[PDB]
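**Student:** Fit chains C, D, U, H, A, W and V with the ligands to the known structure of chain F by using the hints.
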Amino acid sequence: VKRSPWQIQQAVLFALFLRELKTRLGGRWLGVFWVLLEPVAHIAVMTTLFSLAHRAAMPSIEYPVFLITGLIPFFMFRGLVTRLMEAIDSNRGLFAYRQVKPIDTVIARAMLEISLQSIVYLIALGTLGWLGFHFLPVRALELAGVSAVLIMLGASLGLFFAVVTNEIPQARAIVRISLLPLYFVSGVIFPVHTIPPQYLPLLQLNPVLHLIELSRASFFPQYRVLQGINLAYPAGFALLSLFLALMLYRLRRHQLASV
Amino acid sequence: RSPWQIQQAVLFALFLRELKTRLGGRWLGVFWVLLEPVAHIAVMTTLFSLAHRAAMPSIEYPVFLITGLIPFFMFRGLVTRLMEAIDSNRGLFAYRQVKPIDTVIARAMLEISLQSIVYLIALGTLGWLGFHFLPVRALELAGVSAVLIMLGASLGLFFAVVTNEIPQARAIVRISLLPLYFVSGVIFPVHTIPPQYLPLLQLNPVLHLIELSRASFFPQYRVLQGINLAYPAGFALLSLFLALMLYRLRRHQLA
Amino acid sequence: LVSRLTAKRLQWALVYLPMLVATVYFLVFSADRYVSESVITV
Amino acid sequence: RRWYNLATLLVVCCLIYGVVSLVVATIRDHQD
Amino acid sequence: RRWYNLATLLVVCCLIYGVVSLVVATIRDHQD
Amino acid sequence: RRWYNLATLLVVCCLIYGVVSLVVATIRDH
Amino acid sequence: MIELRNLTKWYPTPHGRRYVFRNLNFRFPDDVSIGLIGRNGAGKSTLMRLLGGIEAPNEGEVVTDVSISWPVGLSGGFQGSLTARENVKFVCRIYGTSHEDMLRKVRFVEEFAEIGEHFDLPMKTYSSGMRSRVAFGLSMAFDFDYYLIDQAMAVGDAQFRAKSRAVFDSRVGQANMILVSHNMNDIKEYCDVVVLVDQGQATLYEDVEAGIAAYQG
Amino acid sequence: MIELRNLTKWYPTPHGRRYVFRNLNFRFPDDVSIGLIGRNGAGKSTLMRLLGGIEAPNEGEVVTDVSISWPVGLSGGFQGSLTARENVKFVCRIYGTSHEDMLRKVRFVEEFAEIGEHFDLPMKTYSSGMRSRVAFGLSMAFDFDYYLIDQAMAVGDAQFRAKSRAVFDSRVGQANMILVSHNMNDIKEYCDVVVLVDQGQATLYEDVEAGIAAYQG
Ligand SMILES: Nc1ncnc2c1ncn2[C@@H]1O[C@H](COP(=O)(O)OP(=O)(O)OP(=O)(O)O)[C@@H](O)[C@H]1O
Ligand SMILES: Nc1ncnc2c1ncn2[C@@H]1O[C@H](COP(=O)(O)OP(=O)(O)OP(=O)(O)O)[C@@H](O)[C@H]1O
Ligand SMILES: [Mg+2]
Ligand SMILES: [Mg+2]
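Just so you know, the sequences run in chain order F, C, D, U, H, A, W and V. With the deposited numbering, letter number 259 in the first sequence gets 270, and the count goes up by one each step, no holes. With the deposited numbering, letter number 21 in the second sequence gets 34, and the count goes up by one each step, no holes. With the deposited numbering, letter number 38 in the third sequence gets 42, and the count goes up by one each step, no holes. With the deposited numbering, letter number 30 in the fourth sequence gets 369, and the count goes up by one each step, no holes. With the deposited numbering, letter number 26 in the fifth sequence gets 365, and the count goes up by one each step, no holes. With the deposited numbering, letter number 7 in the sixth sequence gets 346, and the count goes up by one each step, no holes. With the deposited numbering, letter number 83 in the seventh sequence gets 83, and the count goes up by one each step, no holes. With the deposited numbering, letter number 132 in the eighth sequence gets 132, and the count goes up by one each step, no holes.
Just so you know, the hints here were simulated from the structure itself, not pulled from any lab data.
Label pairs and their computed distance ranges (CB to CB):
no.: 1; chain 1: W; residue 1: 204; chain 2: V; residue 2: 25; range: 54 to 60 Å
no.: 2; chain 1: U; residue 1: 359; chain 2: C; residue 2: 204; range: 57 to 63 Å
no.: 3; chain 1: V; residue 1: 167; chain 2: W; residue 2: 204; range: 33 to 39 Å
Covered by chain F, according to a simulated footprint, are these stretches of chain W (three or more residues, beta-carbon under 8 Å):
no.: 4; region: 49-63
no.: 5; region: 73-81
Quick reminder that beta carbons are idealized off the backbone N, C-alpha and C, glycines included.
If we strip away everything but chain F, and leave its shape as in the complex, we get:
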């Protein structure tokens, strides 16, 4: 009858999900294999050039498992930022039906990609288990909580960038490349225990480093954690970012539908 706004929102989200599903992993499913073999392509060269270095840095942790426990969460974060940014400008012409609000595009993109990344995480864990490596986390609940905090932080940052940069098309690249240094300062590639102490405080300003360390601490036993690394700082960072991004979308809600 009246089609209460929750029903309209869920229908729009489902339609947008189906629409961008074709555009995300190729029109002929040629991209799903690419995202399947991308993590193994990363870890192959990573272990190839760092196996002995990681063995000397810390024993009792296999390098493939250490790399897997930090890659896929970072893939989630990076892809969340990128797709959340591009969602608003991807469907400019679709803002012509009184129901496709700009927030729905980014929500559908996030809801598609978190599912895809959970799927590839499950496949990676199964593959690691099939090779005799350690794959079952010791404390899965805390790992899930840290992963959820990281996911919502990434979604918040993506929404903020989408609502801000939309008026500046060349700004996207400025934050499209900035993810690459984060791939080398978050401790995903190499353990942070070997970093010089004097660079430790400034490096601790990154919440992604804290989240990666906390997620790794809930995956392996006896995994030590750097002093000053906590969850309260990333939690506050992410919550404040989400509040600010929601407010900024509220202010410039009508500007984003200019088409």
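**Tutor:** Chains C, D, U, H, A, W and V with the ligands alone, transformed into the frame defined by chain F:
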């Protein structure tokens, strides 16, 4: 009129159009590009100054960084700006005299002029501070810079032509410019790289060109084994020939 | 349901009640713990 | 540490309430 | 090095003249 | 160093005023 | 029943704000088909966007106790790199429709447009007037009460005009039309009243000829 | 004079290459204004693209010895985020005009297109009518002999149509007119013969009414 005059007029008009968008409405871009290299150099003075002095004490970071930054910045600007062409002038391909090659050519002239001005200003302000700034072998430096210019323009044209069908593959190319800045030896001397890692890096012609430019600039700057000009020159020539021939192939698809 | 959470219910269930119960526990119930510190090495 | 904990909790509660209110306002606006 | 310095000055002068000619053309076209 | 602390206090006050103005504009436009 | 209550719409120009529409208290007529005549630089397209709920008025409200179709327009409104088929599925999925009537709507849209294999090709391959047939078919597939037409049928053959007239006659007695175009015989044959916008003010003529003559001079 | 030489045009599609033109030989009559009409999705825009030098035929050629204007239409030919004034300036600089002649052409375009402050704004924030006015003025500001109007006059007021008719009558002695349109009164009032394209072939009707009747039915 003669075709050369038509091409010259089209290139001049495209340069005039591109200057306003590249610089800005109030020309605020000059406040950025001039500040472009400095923001990179200063942080490296707080990172590996003592490490560089331990590595090589003959030369200094404020000059060693400049001798390899602005040439790399100019190569990267050539590649990026030439890759983003054609599309940014797609609506202008409606007058039968504006061809897709003219856009990349005009962007090449604009980037070359801007980066040459930046180089001159940087050398002037380096000599103002008392640092060594006059090149030792200017002609060899000019030749190596010209080889780098040709290689960069060739790569930009090739990527602009080949990305027409697949726009997304363009973006990762920009991402691919980031690791080169870390592996071309611009930030740090490459003499500290372990010996088993250098032969893989020798396949990068930008590293050879940067090393040769630094050798031609500084007095008594050593060159590692396997570093030559013949390999980058052949790479640039082959890439330019292939890019031009591929543009000849898809001459009408872009338009 | 979804179209029933007025501003009164949202404020009371997310700001007022948790603050009231926490401040009651902190001011009235919580017992204070003194800390003694030492610094050594072998 | 009573008062600092109370202040931090107050800020967190205010932020959570604001986020929830903004989310429900975003949801509500979808009309025909 | 007489001829070497002369060639260097030739290259520098040509580059400077080209850049200043471009700047002068832009100024003359903009100034109407 | 009173004159050094003055600039820091000015920066803090300006940031607080900006945040308060943004949030009050958000409330007003609601 | 459609009414306007103190609309004001402007845009963020570099030189201040260009107020396209100042305070408007216009009340539209009822049970008639309206022709928005206007002129170049007026607010006809903005009015049709506001009436369709596309963008909210800057300082006003558009009360409408009736269902109004989206503005068909002449540019945009369709998704890139997609065929018309998947565009129709997207549009009917927005409205929450069952699969059987969804396929029926897709069939109706396909049979309205005299398009061959191009119907399963992206919209870029379409001609400038084929997308108008696709848009008109999609708009007329759904049930509304006030179809907003914005110069869409200006790029169609005589067969397209005949088809549009026939389908609208098939929909006579249950729906209305708000048509904006600069082709005056179209307004003469399609509209019963005239609304002329001028300096941001809308004036109603109950006769086509009076408003059309004001338009000419 | 413009003659075709067995030219074939096709586009890359997954299902193959659809032939818009297949071995076409045609000779446009001289000293007359040609009405190029046809059903939707049948030439008339690829044809005008080839006439204006937009693209080249894959196997064939177009032979002329007469200057041809660029194909002004409903879209293209202008750069967004660029002021219409500097777009006209770029177009004038392309043809290598002197500074005084460039200023004269800019002034003529500005006075023809009755637009106020919006003339000094980016072309993206333009309505269809004012963009059409700017395009028509730019096309008429150059000394050509044949003008390629790709139904760009369908979104113009009575003022724009009257001004276009007057400015074409000002130089009707030497210049000519190749116009594609789906409206019929303008074609009758401008063109002297008719060229009808149906599938891949063009046919000449020396009588306007005969070609109009053939295209309509
Ligand atoms: N996106 C925009 N941003 C800013 N100003 C705009 C924008 N779109 C239009 N305008 C301005 O508002 C005016 C409204 O014109 P609109 O697009 O509604 O066309 P119109 O004059 O009603 O009809 P026609 O298609 O016959 O020109 C434009 O002339 C322009 O000055
Ligand atoms: N870029 C393209 N890619 C593929 N097919 C195209 C492309 N451009 C045009 N076509 C096709 O070429 C044929 C010729 O149509 P064209 O684009 O010339 O329009 P038209 O006949 O002038 O349109 P209308 O009369 O409706 O305005 C059509 O079938 C069209 O779909
Ligand atoms: Mg309009
Ligand atoms: Mg056409």
